[PDB]
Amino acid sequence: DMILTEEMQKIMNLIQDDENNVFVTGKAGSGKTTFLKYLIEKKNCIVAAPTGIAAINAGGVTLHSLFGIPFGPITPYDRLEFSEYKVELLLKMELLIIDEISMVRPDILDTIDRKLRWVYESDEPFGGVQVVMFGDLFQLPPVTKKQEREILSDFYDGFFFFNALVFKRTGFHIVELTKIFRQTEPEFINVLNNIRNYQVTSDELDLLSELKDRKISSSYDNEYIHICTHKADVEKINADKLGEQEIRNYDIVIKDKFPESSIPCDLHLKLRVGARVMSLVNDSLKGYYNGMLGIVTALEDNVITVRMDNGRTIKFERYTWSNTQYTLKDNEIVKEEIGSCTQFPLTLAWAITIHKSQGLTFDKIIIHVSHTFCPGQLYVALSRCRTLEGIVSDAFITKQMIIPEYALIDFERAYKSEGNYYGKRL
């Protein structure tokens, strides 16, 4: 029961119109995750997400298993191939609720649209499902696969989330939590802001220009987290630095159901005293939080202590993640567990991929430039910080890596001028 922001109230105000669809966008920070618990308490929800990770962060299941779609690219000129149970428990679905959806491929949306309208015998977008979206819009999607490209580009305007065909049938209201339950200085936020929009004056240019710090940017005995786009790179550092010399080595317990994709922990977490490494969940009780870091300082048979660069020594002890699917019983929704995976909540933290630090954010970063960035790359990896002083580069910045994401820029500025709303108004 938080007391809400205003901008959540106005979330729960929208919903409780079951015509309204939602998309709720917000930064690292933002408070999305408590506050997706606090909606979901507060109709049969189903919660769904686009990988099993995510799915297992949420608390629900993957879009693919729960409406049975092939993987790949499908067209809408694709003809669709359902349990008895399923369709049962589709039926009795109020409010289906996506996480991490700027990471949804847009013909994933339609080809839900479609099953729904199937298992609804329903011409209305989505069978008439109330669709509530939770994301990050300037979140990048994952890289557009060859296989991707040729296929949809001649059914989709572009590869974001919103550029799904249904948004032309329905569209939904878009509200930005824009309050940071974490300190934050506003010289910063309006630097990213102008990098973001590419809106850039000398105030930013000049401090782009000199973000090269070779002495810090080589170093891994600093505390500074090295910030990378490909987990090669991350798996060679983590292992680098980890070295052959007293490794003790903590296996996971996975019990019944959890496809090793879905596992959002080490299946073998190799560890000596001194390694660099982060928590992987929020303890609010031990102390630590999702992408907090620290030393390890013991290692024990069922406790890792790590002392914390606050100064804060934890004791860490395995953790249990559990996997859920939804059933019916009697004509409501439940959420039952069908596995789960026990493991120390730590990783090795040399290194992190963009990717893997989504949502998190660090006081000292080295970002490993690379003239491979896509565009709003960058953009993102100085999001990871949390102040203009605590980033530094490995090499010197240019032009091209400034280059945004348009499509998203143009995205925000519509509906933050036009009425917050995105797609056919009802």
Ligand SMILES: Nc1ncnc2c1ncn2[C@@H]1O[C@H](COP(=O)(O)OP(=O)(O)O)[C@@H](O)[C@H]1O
Second form
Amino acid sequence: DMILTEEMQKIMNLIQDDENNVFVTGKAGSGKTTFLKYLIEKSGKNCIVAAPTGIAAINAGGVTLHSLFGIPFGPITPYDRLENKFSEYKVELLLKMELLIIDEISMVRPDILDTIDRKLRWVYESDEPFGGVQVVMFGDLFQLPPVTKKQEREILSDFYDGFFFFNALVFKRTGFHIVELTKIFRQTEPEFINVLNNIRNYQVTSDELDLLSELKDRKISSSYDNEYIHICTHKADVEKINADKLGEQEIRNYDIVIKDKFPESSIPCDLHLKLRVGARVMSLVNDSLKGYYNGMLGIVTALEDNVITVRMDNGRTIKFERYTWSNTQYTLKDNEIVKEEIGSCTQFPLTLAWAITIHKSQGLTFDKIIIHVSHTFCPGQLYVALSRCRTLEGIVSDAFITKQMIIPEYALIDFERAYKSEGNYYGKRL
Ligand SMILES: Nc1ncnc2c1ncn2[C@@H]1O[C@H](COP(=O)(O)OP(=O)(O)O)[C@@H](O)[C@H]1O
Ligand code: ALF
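After the form solved without this ligand, can we look at the form deposited with this ligand bound?
Full assembly next; the chain just shown is listed first.
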């Protein structure tokens, strides 16, 4: 069923040359996850998939960067000394890795990449960056990174020109090609995409500005019974909203089931799923054959012991059973990198969805959203909240969206401008 686009093939063309590192970027719904899987199968290489957080690793079927490379937590300057206490099997695993795939690369502080480059050089006893391991990075540039602690910020400041992954010092020694996936498979909305590009590039016209002014509506934005999902900055506001609407009447509780070794921070579901008939909910996984995807909304119609029946917004009724997330780790089998399960957790793939945070809805899109203007805006945070919808028309705002709420991220605009001018390549050329 998959389409192989020209941009996808162009990435495959680049990684044939084992010396090419590649940054694959694109908005939500542009096929990043789907193409990552195809990339693994067609690469012809022993791949390891890693991500900066536990939930992202679980979702992409890989491991966290910190566990894979024994990275200590906290900022790391070039001259902090690394213990390098790799077990023998980890060393042999890393020595067979020909292709490192890092998902959600925009969440990766640049010192983590340099620490990875340093550990691999130690393991390969090599001066080549990343010990010569080819690196392919997936993520959306313009999704804001985790706010770097004040401590972290000024330690790394003495060594780093900025706090994005591409500020890693290793990129003064190697570089990477960039390919953007621009086909949004779910829908094709040129005007909305154009507004979004103009907001993030700080090139908004006065038309777009009032196009943005219209999105306000105090009636809809204060209602919680309308298939609009409330998108809020703060987790506390979202907890209150989903608790208020859930209420205390006729609530059933379903407990997560853990088997063996599962990191607490990697758990991708509710620990205690509290629901009730009529509760607004969101699907957390994709199962194409039962016809639900990560992000789909619905209303709870029936509650049983092993089955929650939900009427999705598209008119369908689905019988949700418990889903099992597998905690995997990589290993060798006749010098070939394979996976092995070391634990799992099991739970219905549903969560309360009258509201959701910006953070929890990263990489997701909805038909209808309500933006709770969160005054004291930051850089990019308006673009991020509008990016959670599929059209301009499904967006309703708390208050009026004003020009001063558009806070650009000039480091990202300069990065794009720089690579698009130098042949879709950043860093040192070999
Ligand atoms: N190459 C492709 N061909 C056809 N459909 C695709 C392709 N890539 C993605 N899709 C569809 O678009 C949706 C988004 O895919 P996904 O890989 O999750 O995008 P991203 O990871 O960039 O958010 C999926 O539900 C999938 O059905
Ligand atoms: F894996 Al994605 F959006 F990056 F689903």
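Here the rigid core means the biggest group of C-alpha atoms that line up within 1.5 Å when the two forms are laid on top of each other. Residue numbers count along the first chain shown, from 1.
- Large C-alpha shift between these two forms, rigid core held fixed: of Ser209, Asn302, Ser218, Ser122, this applies to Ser209 alone, with a displacement of 2 Å or more.
- Core-superposed comparison between these two forms: CA of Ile397 displaced by 2 Å or more.
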